[PDB]
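First comes one chain, alone, set out as structure tokens in the form deposited in one PDB entry.
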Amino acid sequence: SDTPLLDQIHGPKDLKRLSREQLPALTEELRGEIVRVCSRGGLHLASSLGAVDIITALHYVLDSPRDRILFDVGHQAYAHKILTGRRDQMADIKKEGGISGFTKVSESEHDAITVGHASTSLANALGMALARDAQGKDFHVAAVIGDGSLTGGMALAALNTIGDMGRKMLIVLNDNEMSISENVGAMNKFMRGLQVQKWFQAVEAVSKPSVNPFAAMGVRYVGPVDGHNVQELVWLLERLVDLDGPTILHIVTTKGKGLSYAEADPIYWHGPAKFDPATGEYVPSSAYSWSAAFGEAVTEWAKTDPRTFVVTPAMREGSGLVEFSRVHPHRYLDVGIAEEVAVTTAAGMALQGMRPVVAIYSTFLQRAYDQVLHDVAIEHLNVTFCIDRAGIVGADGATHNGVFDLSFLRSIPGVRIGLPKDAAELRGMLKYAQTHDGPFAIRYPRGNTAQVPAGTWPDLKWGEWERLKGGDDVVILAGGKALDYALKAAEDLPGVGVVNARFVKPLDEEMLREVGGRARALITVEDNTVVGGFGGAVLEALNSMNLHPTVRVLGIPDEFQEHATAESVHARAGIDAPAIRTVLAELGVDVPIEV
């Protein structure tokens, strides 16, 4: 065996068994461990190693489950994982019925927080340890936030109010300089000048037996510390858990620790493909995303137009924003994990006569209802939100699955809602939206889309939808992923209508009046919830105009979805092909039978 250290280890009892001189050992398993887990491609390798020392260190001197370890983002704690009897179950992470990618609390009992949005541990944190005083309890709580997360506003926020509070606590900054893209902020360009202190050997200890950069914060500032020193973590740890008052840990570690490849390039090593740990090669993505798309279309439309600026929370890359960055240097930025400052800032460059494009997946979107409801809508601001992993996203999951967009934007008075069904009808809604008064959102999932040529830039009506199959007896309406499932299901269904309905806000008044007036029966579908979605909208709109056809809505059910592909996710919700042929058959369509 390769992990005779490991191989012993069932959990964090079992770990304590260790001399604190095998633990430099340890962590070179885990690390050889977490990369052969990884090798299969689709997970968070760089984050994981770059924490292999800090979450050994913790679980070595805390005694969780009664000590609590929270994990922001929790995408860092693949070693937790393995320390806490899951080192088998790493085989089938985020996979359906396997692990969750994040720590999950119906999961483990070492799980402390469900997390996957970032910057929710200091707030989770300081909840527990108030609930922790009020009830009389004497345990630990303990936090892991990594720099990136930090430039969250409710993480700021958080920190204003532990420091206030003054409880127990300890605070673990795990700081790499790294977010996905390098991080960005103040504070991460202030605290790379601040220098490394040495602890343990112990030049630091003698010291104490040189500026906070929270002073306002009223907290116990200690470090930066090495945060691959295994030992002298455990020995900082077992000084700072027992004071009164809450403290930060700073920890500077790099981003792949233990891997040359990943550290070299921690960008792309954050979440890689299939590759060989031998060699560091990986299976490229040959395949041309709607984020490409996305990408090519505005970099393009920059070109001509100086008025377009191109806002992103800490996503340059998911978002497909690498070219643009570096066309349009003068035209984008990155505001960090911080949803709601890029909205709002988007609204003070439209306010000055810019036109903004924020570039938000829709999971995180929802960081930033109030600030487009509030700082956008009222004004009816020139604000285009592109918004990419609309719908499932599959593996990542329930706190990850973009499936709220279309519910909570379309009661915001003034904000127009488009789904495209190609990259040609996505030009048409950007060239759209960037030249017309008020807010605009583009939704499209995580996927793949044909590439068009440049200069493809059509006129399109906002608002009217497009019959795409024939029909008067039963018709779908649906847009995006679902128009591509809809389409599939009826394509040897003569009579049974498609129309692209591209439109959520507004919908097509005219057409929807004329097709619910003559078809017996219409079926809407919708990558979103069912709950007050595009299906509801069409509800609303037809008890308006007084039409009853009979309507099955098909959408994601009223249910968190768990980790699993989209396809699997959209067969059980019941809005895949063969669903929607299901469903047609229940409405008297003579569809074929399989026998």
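If you superpose the two forms and keep the largest set of C-alpha atoms that fall within 1.5 Å, you have the rigid core. Numbering follows the first chain given and starts at 1. Compared with the form deposited in another entry:
- Here the rigid core is superposed between these two forms, and of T435, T279, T304, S106 the C-alpha of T279 is the only one to shift by 2 Å or more.
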Second form
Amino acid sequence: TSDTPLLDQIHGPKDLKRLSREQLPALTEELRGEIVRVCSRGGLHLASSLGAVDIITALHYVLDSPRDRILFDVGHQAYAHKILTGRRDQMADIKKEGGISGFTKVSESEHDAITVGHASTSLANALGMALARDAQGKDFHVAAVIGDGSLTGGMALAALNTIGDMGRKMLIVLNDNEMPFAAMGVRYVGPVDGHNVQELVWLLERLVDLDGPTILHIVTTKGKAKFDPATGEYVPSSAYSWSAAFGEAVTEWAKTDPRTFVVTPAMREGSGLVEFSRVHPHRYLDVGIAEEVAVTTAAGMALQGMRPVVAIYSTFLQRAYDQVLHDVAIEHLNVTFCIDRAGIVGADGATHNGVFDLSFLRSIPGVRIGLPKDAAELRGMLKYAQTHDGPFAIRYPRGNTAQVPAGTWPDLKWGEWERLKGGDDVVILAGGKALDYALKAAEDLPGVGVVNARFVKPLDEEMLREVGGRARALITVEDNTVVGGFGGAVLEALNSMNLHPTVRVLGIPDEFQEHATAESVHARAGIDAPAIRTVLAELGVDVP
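Got the form deposited in one PDB entry; any chance of the form deposited in another entry too?
Just this one chain is shown here; partners and other molecules are left out.
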């Protein structure tokens, strides 16, 4: 009577092994149907997880998780893994607050061998587990599932070199859905049909106990209102994403400046560069999932007179920290960073929240940092960055902004804030996403000033000296960690001016933020409009 008679009896991998191999194809058909029925919601990596159903079924049929360790790279392809490991009932609330993560998470289950979200980490983790295993006299199996895209990552390729050097027992499954390792010293098997679960089982049985590292190359298939040219995605009629504002802006700019060259690390759609790549094909570069290569290639362009734009998510820019510091900042090169997904991104959780860029970028000499309040101010920053010396970073959140007409290119002096609401008793300093909350919080409140602190590096020391000298209390708000971010920048400046007003630093706490909506995270962090109103009341302002 049920659509999934086999899955209904499978509560874990030890129930899976009770089936016959001839029943595994029928199980893979149930798993694809289950993934579609429950995970056809918005913003779910449906195609990748569907493509990996057969390899995950065969791995759990052959190996003995949780004693055997199965590692997924990125982790977006492991919905069938979660379904087969006692989390079938939780798939309906995946990525929701209080539910299971969209990626594998060590805290979530003994079956999740690594916490992942960033790509290319599985191989180095697997090597560490294999080395620890041999240092403990144990012989459990270590297996890693890495896609063709993740394999291009630098830390995946380097780890391959070391894995072939140590010669320890481990299995690497290359999940290749885009339709050689002799110098590494690694056993190579394949390519084989990545959707033949019975054939996959046969192979894994006869590979998983061999000596030394092995790569099993499998081939799988990817996925077995108003239009937006930037992201190539249809959006609400009223919507206008920051990614789309950037895409339109840089597409316009490049029409008049042939020095502009846009580099992305395999995120053309997310960063909003679909239209750009078609209008300016001689000025668009995709370096794969290698943020390190994106920034240093841009530096090489800047050395030869170009004005490169690195489009990159805040969380991924973390991968290129040293390239920003060493390859860009030391010679003060003309690299512009347009940083999408700044701040809390929400449902993707701790591995993707970009709440650190105002901290690690700020400590790099010469790197200017700006936060636009709307699309016009984004274009002003982009125009300034593309026409002045040295590196500039422009960070904006995931979300929408007001659409601006073409040809809007204001002139702004970099480093100048702007007062948005009069008032000198309590003054709130906030830029970007935090500024939305601040204006909302102090909307009616007289004497509560609001300043668009749209530049984090440098600060507007003139306005901060004037405001800090006469304000009773200051409130800094940032979609960033409170440690070493915009709040710390204000305190460093005030102290060096020997100004000592009361200051309340509002931001993300020194704690990783689990998956949940950004509105929920900002409410619990204390930066949304009601929480700012609470701080205003603790400071003695009459709040309703």
